[PDB]
Every structure is written in structure tokens, then in C-alpha cells.
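Asker: Using the hints, position chains R, L and C with the ligands against chain E.
Protein chains: 4
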Amino acid sequence: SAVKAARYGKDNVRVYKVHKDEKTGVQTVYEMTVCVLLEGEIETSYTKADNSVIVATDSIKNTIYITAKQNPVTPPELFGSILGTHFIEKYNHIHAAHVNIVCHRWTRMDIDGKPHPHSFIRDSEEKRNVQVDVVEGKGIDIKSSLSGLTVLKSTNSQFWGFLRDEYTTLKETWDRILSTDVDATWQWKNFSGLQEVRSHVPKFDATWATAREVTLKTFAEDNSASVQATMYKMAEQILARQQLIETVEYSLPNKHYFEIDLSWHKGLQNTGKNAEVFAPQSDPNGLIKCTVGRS
Amino acid sequence: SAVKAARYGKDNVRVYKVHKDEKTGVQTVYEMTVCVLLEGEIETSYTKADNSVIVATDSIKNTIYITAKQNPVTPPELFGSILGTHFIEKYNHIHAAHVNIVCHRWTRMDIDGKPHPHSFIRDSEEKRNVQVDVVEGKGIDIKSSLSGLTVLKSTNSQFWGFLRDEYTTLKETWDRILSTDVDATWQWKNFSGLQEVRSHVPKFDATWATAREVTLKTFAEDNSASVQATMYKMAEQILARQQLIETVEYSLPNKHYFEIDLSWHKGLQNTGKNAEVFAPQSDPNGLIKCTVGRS
Amino acid sequence: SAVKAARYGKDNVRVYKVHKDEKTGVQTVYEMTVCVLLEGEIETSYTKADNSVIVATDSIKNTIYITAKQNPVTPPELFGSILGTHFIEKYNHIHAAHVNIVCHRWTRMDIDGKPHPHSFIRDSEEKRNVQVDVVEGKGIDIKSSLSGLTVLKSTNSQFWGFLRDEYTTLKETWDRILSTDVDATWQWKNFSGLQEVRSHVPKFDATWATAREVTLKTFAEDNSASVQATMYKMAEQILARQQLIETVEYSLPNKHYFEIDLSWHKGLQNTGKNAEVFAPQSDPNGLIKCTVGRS
Amino acid sequence: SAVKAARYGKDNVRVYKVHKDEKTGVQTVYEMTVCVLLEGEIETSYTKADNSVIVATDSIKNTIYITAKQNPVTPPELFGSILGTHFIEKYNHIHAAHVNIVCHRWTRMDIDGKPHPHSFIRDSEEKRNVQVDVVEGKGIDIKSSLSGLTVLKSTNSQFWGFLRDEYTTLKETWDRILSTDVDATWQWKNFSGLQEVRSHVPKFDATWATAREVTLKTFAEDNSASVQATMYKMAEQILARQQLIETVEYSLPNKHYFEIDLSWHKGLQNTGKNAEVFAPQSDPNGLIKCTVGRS
Ligand SMILES: O=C1N=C2NC(=O)NC(=O)[C@]2(OO)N1
Ligand SMILES: O=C1N=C2NC(=O)NC(=O)[C@]2(OO)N1
Ligand SMILES: O=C1N=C2NC(=O)NC(=O)[C@]2(OO)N1
Ligand SMILES: O=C1N=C2NC(=O)NC(=O)[C@]2(OO)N1
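Residue numbers (the entry's author numbering), protein chains in the order written: chain E, 1 to 295; chain R, 1 to 295; chain L, 1 to 295; chain C, 1 to 295.
If you are wondering where the hints come from, they were derived from the structure by calculation, not from laboratory data. Ideal placement from N, C-alpha and C gives every residue a C-beta, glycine not left out. Be aware that a few hints might be false.
Below, a sample of chain L positions facing chain R; criterion: calculated Cβ distance under 8 Å [said to hold, decoys possible]:
| # | residue |
| --- | --- |
| 1 | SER1 |
| 2 | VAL3 |
| 3 | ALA5 |
| 4 | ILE54 |
| 5 | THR57 |
| 6 | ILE94 |
| 7 | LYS143 |
| 8 | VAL214 |
| 9 | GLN228 |
| 10 | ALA229 |
| 11 | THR247 |
| 12 | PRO280 |
| 13 | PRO284 |
| 14 | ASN285 |
| 15 | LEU287 |
| 16 | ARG294 |
Label-pair distances were calculated between CB atoms; the ranges are [stated by the list, open to error]:
| # | chain 1 | residue 1 | chain 2 | residue 2 | range |
| --- | --- | --- | --- | --- | --- |
| 17 | E | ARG241 | L | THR169 | 13 to 21 Å |
| 18 | R | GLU22 | E | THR169 | 47 to 55 Å |
| 19 | C | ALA2 | L | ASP123 | 33 to 41 Å |
| 20 | C | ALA209 | L | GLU89 | 49 to 57 Å |
| 21 | C | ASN274 | L | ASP110 | 44 to 52 Å |
| 22 | E | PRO72 | L | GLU89 | 50 to 58 Å |
| 23 | L | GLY267 | R | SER147 | 46 to 54 Å |
| 24 | C | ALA2 | E | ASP123 | 50 to 58 Å |
| 25 | C | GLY113 | E | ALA2 | 31 to 39 Å |
| 26 | R | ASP261 | C | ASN274 | 19 to 27 Å |
One chain only, chain E, in its complex shape:
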């Protein structure tokens, strides 16, 4: 037998960083959860009890904190690139570093209509994420995403004209609820190294903001034919607004809200045009995916 694939490292590393402007008093906070997994000439740790090739996961943890102390942690695409580059540069025998970062929201509070210098609210469980793969001789591959953006529209969603056969019970509808948890990922052009990543730094926040804005506006404004048709519109708009993106991926649950027929009770009308009270369904759920690129 032989090792066909191996990677190892530290997961679930919680990290907070504060920036303090001593002149103005304004403080800014960042909070993340980090995973770093390494690949390289490590097979003998598995096959021969050779720990000499292992950079201890505890040391990887230390390195995450040290790197956060010595560098900006934002945008996460940059921080992940710095962190990944460190491992392949420091350790000859390590040839890839896979860095995942989940960024947690700490939005500055407004108190009596003024932004507070050092108080923050977790205004959503929505995350901003990166997956940064630094592979020796193959540059830096970055996938950026937003996830856990939970939305609902109460009308201007439709679903009709789908295939109907002996397995089909679903009624066509011209007016339904649509609710989802948005997971949207944009995949960057390969970067040659850390200089090229740095050269594009403003594009990371700008493209996240575009992706979020497009997602929300398209969801709100599209009189949706299906989840498929709506998500495609989102993806094509994001591609049109950032040429350094190669693909956009969406993964969207269809979180169903069922009508409740109450006509058995005193003739109460709660379906069709009279539908007001619905049963949110926890499971099952539709799950709709696509990856859009340029033609």
C-alpha cells in the first residue's frame, strides 16, 4: 500500500484582531475562524512513524496567530495568501498550503445616530469566506464567497411548466414564496504569487460588495421563473462586473413554505389568493446548484 493523498493541519482556530487609531480613538475589530492544512513530502509520517517531517499542528496554530500579529488580516484573500505562502517558503518539504478563513460579522454600532468608536454588533450570521490554495510552482488559487445570507420574498416567484409524469404531484404556481440561504462563490484568475495578489487588493472587498449587492437586488427584483433562472442572472451580472473572476457558483436551498388548507374548519379560505398563513418546512428542501463561466 501507498499514500495517494495526504494533508494535515489545524482546524477551527478562532482569531480576533483589533486595530486602534490612537489619534481618533476609533477601534476596528476582525474575527475569523481559520483552518490551515499542509501537503508535501510527509508520507513517511504515515508509513514509518517519521515525525521529523511534521510541522506540528500546534505550531501551525502558533503561526496563524503570529502571522495575524505581523500582517493585516483584511481582506481575507490577502491574509490567507500571506499565511499560505509562509508555509511553502519556510519549509522546503511542504509544497502546498490550503487556507480556509471564515470571517464573522462585527458591525459598528450606531448609538443616537452616531457610529460608536469601539462597540459592535453581530448584525447577521452571514459569513464572508475564502479558500486560498498556495501550491508551490503553481501560484495561488483563491475562491471567495459569501454564505448564510438568508432571504425571503413573499410574491414574484413562480414555478410552472416543469415536467409532469406519473411521479408528479406538484401543482403549478404563478405566485409563491421564495426563501433561501445564499452561498455564492467567485473563483479568481490564478495569481503567480503574493506580489500579484497584493497588486489586486482593492478588488477583493469591491467584488464581495458587488456579489452581495447583485444577489440582493436580483433576488428582490426578478419575477422569478425558478431558482435556476434567478441564480443564473446573478452569476452573469457578477462576471460582467469583474474581469479577474473566471467563474461564479451558487448553491441555493429552496426553503419551502407550504400553504395550509383550512377549509375543513368553518369554510376558512387560506389558499390561492386568500393564502395568508403558511407552514415553513424545515425539511426536505430543494437544492439548486450551478457554476457559470464565460463563453
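Answerer: For chains R, L and C with the ligands alone, coordinates are given in the frame of chain E:
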């Protein structure tokens, strides 16, 4: 043996309701999770297999949906009072109804700076809750709360002057992070019935808004001596602003963020005035509680 | 305003302890999560920023570990009593200690049919818990429980003869699935102090074992008229087998499994006597409670 | 722009099935959660609002239940193969079906030492899973796994000889706790279709049982040099015992249990040979992966 206490009903009933203004096109959505547990002359269902005394939990579920169809679901204090009153009025042998409602956030989206007529975002996992106990001959007892309001301040929190003995390792501090998940409950004067609840309806939203505003402003502005001292200030302010409240309760975790000494690595300074990178601790956590009333 | 109630302490303290028999080589492990909340003459910490009255939560954490080092951690009723007694004895101004312990399963592995001396499996997420309230001048009040014991029976459950009115849609049944997550609590006679608790130590494990055995056998063997009727039988049997218990409480969800009518598809018969495939319902759920004592 | 990848279907479909032996009275239950995602000539649903190509997710759900009614649900490798084959055979334009099944434990109860005919316990949250990819013209690719198997050993784990540099603080150890949640996956030889899968049916349960037995015995008996070295031994043994497997993958967290130095308190000795009380760490955690194949 004998039944000393018993209650039963339906838990985890998810409910959505939409309001549609046909004139303006503006739709408004409400989403809840409801629990109704009943008490009364039901002991023989337990002791004698006498199901005749059981209003089926499935029927309780139906009743929740019917009541939501026929009544406003907001404020939740009112909806819970209507729902609880129904069971003690409809069923002679039922003498108490215990209604818990968790209200989920669906905040109207702003698209290109304008409120959208039918699209919403789950802008926080913060909840607004009620616990409405309708007890025959004893009126309606309402506890209102907000929960899951997660906040952090990066300075202007202190903790010194605490007891020090042979069990103490904690260093005094004059500048630390404070983060919590706020659970705040206000307990209303007993109401005699549904007419009295209705007579105070505007006070429910107003008092929730006050509790939230006071919580946030006090957290942000108090140069905190301890969680204890800060939460007391919140409670006393809320009591001062609504005379129909009898008590205010807070339950606050102290979600610790630990300094990370990095001086073992190249003399890096990351403690005290130089502390920038911290380790958020998932557990354990301080837990600080108090109930404040009038003197 | 004034403090009507207050308690504070450390929650979510994870604790592991190992016992090593050096003669035999057999090791035994214990793992818990502990919460200790204190009450006493602490109001000035809330009202006057008086931290002198606060035993720091960090110190409470230290004390949990020290107490575990110096004492048995089993049975949890004893450990909680020792821990709670410590705080009211050590600190004049502390007058109650509220100790909650959740015990996690680490069941010894059998390898090739022989018990292994130092390897364990989490064989269930079922917990054994205690709530120990040590109140100065009022002894030690102990509630013991098992929770998260998830069971299902595929027949020999019935539900008919329940109240039927204009809110009722549920069909009577003489053969259904019954599934629940058992939460069972037995409340001990008040103990005067730690000597009396110690004097009954073997009864704690024995009564937990009885409660579990009775729960499982009654669930399996009772041709159940309702959740109410079955749980009452469990409680009365446990009371009959331990005179130092005063009450037994059950809280049982009815985790519904719905039939699926498939007759619209090629006349497939999947209801009544032909029911084989069911839809487990995540929510809502019945919730059935009772507390049984002696007559 | 163009669709580079797309798949869609129904996730989180809970399914129960009962088998009743009318002769013996013995009933046997199965419970799963199923996901089916389809690929094919579906791009126009995304690009042109063409729903004619969509087999509704609701219909996919119906099909899961119908297929469970008409076929065995065990072993899950077979059920998933039947289910996936159905979609590519029934719908000309569907060219792949991706079926994920999570099997939940319902272990028959023993009551008074005898197996009960119709009562079951969730004896572990450990799962048995399959991932069955049925791809038209490319047969059936099956990955089988066990997950959520949580174990701990209290000694006979070591970690020394790892790389030490300026990022390293971890002390070498010759005696530590090792705890993990086992996720083990075995990848089958490609099967040409459903006849070939059926021809190997007994091997599915047998290989799951082997994987579990090997995992537990190796964990318990290996005086472990590292997680890496132990997991490799597991994988090579499983490969040796089933020639129709091509690879075995493990993904193992190192769930750390930290010593607690208590020497600051009355000289208490709780480290090294005197270590009895430990602090389980919820995060971060090592994460160790490898895929082993034949040479
Ligand atoms: O039943 C279905 N209803 C749906 N709605 C939709 O927008 N697209 C689908 O493909 C569908 O996904 O959930 N299938
Ligand atoms: O160690 C402690 N640190 C704390 N901080 C605080 O504000 N009050 C406490 O009582 C304390 O709660 O967490 N105990
Ligand atoms: O609809 C109901 N079905 C039930 N079954 C039961 O055993 N008792 C109830 O009171 C019931 O609880 O779930 N209500
Ligand atoms: O600090 C470390 N300690 C570990 N133990 C181990 O068995 N292997 C590692 O590579 C290690 O993973 O957790 N890194």
C-alpha cells in the same frame, strides 16, 4: 401515586403570515415558532388511559394556524394572549394555557436606497420572544424578552477589585474586551384578561424597542466595572421607562477573549498595551444573572 | 430599584478525569460539563461596582478543577454536593451554590470479546445529569436525570378516544409508531449536608440504573394508550423502587412519523396495514410532561 | 456566459421503512436521510427559463419514497444504486444521478436479556453513509463510509520527534490522551450497472463491518506514534481484507485534552505522571487526512 403536575401540547410549530396591502402593493411578513402547553383536569389521561380529556396536540397545532388566520400575529404578546384565552374558554376542563412564541427577524430589504415592497432579509438571529400564561381565574401573565443579541466592545471594560485568595489566578485588568449574548426579559403587571391586554397593545412594541435601545446604548457607553454593574444599569433604566413592568431580568454570558503572549517568538509584544491578536474562547464562560424590581 | 434575585458563576466547564489502577493496568475515564452559580450577599457588585464580594468566575473554574483533583467525580450527585458545599463553607457571604453537571458517556471498548483497559467509545449522546442546590441552612437538594435517550417502537402504540370537535382532523389509530427522546428526573429527599449525601452514595448509581431499566422495559412492553399513560407507568414504578425519591418527572416529545399515501402512483398501497414507508417529521412535535409523587 | 456545471434535486429527505415478519412478529426498522441531485441537458432551465427540462424536486422526493416502497433500502449501496439508475433510465435527458444516503442507527433493544421484536434505541449518533454516482455510460461509482464514531484512549498515545523551530512551543510527550471522531471512507471499484452492484451485495455490509472492527481494534491496540501512523495502519488493513476496494480515506480530528497545572494551588501535582484532571479543548483541533491505495 398521584399526578402532582402535568402539562402537554404542541411544540416547535413554525408559522408564517403575510399581510398584503392591495392598494400600495406593500407586503409584510411575520415568522414565529410557537409552543402551546395546556393544564387542567387531565390527570386521568395519565392514570386511567382516559383520552377523552385530551385535546389532541395535532388539534392544538390546527388551532394555532386557525388563530393566526383569524387574528393579528403582532405584537406577539397579543397573539399569545388570544391563543391562550381560546383554550381556557373553549374547553371547560382546561384551566391554563402556556404559550411560548419566538419571533424570527424578516427585515425589509433596501434596494438602491428604497424599501422593497416584498423582499426581506434575516438581518440577525436575534429573537423577540413572549411567554404568555393564561390561567383561569388568575388573568394573563406575560414575560417579554429579546435574546441572541450578540455584541462586543473592544475597550472600556474593566475587572479589578475582586476577591483574591488561594483559588485565584486571574489578573486584575483596567482594559479588556467584553462580549456577550444578551437575554433580557421584562415581566408585565398581571392583566385581568384579553380586554386589558388589548388596552395596552402599543406598549408592547414600544417597550421592546426601549429595552433594545437601552441595552445597546448602555453596553456601548458604560465604562464597565463588571458585567454585574453594567447589566444593573440597563435594568434600572428600563424600569424607569415603563411603569407597567414589574421586573427586568438579564442573563449574560461573559464570552472571554484571551490575550496571547507571543514574546517567546522573536520577542513579539502582544500583551497589555500591545495586545492586538486575541484567542476567542468557546468555553467555559462566565454567566451573570440578575432580576431587578422596584424598591 | 433593587436586586430581587442574583446568581453568577462559570458555565460550560469541560472536565475530564482518569483513574489508573497501577496493579491491573485498567484505566477508567470520566467526562463532564459543569456549571456553578453562586448566590449570597453580592447585590453591591450590581448596584455599587463593589467587586470585593465577587469570587471571580475564573476562580470558580479553578475550584472545579481542584475539587475534581482532590475528590471522586462519581457519582455526580456526590461530586456536585462536595463542590457546592465548598463554596458556602469557604465564603461566609455566599449562601447558595447551584451545581449542574452533565456526564458524557465513555463506555469501555470490547475488543475481540474482551474489555480493553484504556479505550472507550461514546456509545450514545444520552446524558446522566444532576442539579445540586446547596443552600446554607437548608441542606442539599438534588435532582438526578437521564436525558437524550432516543427510542422508537414500530407497533404497540395506539391513540384513540381523544376529544373530537371542530378543530380536530387527526384520525384515531390502533397501530402507530412511537418515538421519543426521554428526559426523566428523580427528585431526592432533602439531605441535611454532605454526611447524609455520602451515607446514601450507592443509591445514586442504583437509582439511575433503575430509572433507565424501567424506562426501556416499560416503553418496549407497554401496548401504549398514549404517551401520557405510558410515562405514568414508568414514574410509578421508579417511585416504588426507591423510597428516598419524592417525585419523578418525565418530559417526552412525540416525534411523529407520518404515513405516506402513495395510491396516486399506480395504486401503490402504503397506508394502514400496508404502511411500510413513513416520513419522519422534524417539527412540530407533541410535548407531554408530568410529575408523579406519592399519594 | 455559459453554464459550466449544474446539478439540482432534493436534499434532506427523511425516510423510515419497516419490515414486518408476520410469522415471527419480528419487526425491523431503517431510517435514512437522502439527497438526490441530477445532472443532464438542463442548462436551458438556467439560461432561458425553460422549466420543461426540470424533473421537479418535489417529484424527486416522491420518487425516493416510491423507490423505498418497491425495493429494499439495505444495504444503502444497493438502494442508492437503484435510485440513481431510475433517474438516468426514466429521463432520456438526465445523464447523472448523485445519491447521498445517511443511515441512522436503530439498534434492537434487549429487554431482560432477550431481543425485543419491535423496540429500538439510537445507541450512537454514528452514521453509515453512501455516495452513489450513477453516470450514464460510466457505470456506478460508490463511496461507503462510517462517520461520527467518537472514541478516546487514556494512554498508549505518543507524539515526539516532530519538527522544532522558532514557531514551536509544543512539548514532546510519551504518554497522552488521544480522542477523535472517525470518518472513514472506502471507494469501490467502478461497477458497470445495477446487475454488477447486486452481484456483490453481501460485500457491502461485510466491508462496513470490517472497516468498523479494524478501526476500533487498531485504535485500541496501537501504541500510537501519531494520528498519521495509526490511521495508515487502519487503512492498509482494510485494503488487505477487501479486494473490490480501491482506496481507503480517513479524516480524523485530534480532539485535544490539555493537562492542567495546579501547582500554584498548595503545590498540587496534576502534570506528567500525576496528571488526572484534564481540560477538554473544544477548539482548535488538529485535522489529519490521508487516502491510501495499493502500490
Ligand atoms: O419542486 C420543485 N420546486 C422547485 N422550484 C424551483 O424553483 N426549481 C426546482 O427545480 C424545484 O426546486 O425546489 N423543484
Ligand atoms: O473571572 C471573572 N471575570 C468576570 N468579569 C466580570 O465582569 N464579572 C465576573 O463576576 C467575572 O465573570 O466572568 N468573573
Ligand atoms: O395529536 C396528538 N397525538 C398524541 N399522541 C399521544 O400519545 N398523546 C397526545 O396527547 C398527542 O400528543 O402528541 N396529541
Ligand atoms: O500538535 C500536533 N499534535 C499532533 N499529534 C499528532 O498525532 N499529529 C500531528 O501532526 C499533530 O496533530 O494534532 N500536531
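Asker: Given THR57/L as an interface hint, is its Cβ closer than 8 Å to any Cβ of chain R?
Answerer: For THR57/L, the interface hint holds, since the closest Cβ of chain R sits about 4 Å away, which is under 8 Å.
Asker: Hey, does the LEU287/L contact hint survive, CB to chain R under 8 Å?
Answerer: holds (4 Å)
Asker: Using the nearest Cβ pair, does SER1/L come within less than 8 Å of chain R?
Answerer: Since chain R brings a Cβ to about 4 Å from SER1/L, closer than 8 Å, the hint holds.
Asker: Can you verify the interface hint for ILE94/L: is its Cβ closer than 8 Å to any Cβ in chain R?
Answerer: violated (10 Å)
Asker: Double-check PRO280/L for me: the hint is only fine if its C-beta lies closer than 8 Å to a C-beta in chain R.
Answerer: violated (14 Å)
Asker: Given the hint of 46 to 54 Å, is the C-beta distance from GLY267/L to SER147/R inside that range or not?
Answerer: holds (51 Å)
Asker: If you check the beta carbons of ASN274/C and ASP110/L, does the distance land in 44 to 52 Å?
Answerer: violated (30 Å)
Asker: Just to be careful: measuring from the Cβ of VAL214/L to every Cβ in chain R, is the smallest value less than 8 Å?
Answerer: violated (13 Å)
Asker: Is the hint on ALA229/L kept, meaning its closest Cβ partner in chain R is under 8 Å away?
Answerer: holds (5 Å)
Asker: A closest beta-carbon separation below 8 Å is what the hint needs, so does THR247/L meet it against chain R?
Answerer: holds (6 Å)
Asker: Does the beta carbon distance between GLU22/R and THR169/E stay inside 47 to 55 Å, or does it fall outside?
Answerer: violated (31 Å)
Asker: Between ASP261/R and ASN274/C, does the beta-carbon spacing fit 19 to 27 Å?
Answerer: 26 Å Cβ-Cβ, so the 19 to 27 Å window holds.
Violation of the numbered hints given earlier is confined to hints 6, 7, 8, 12, 17, 18, 19, 21, 24 and 25; the remaining hints are satisfied by the structure.
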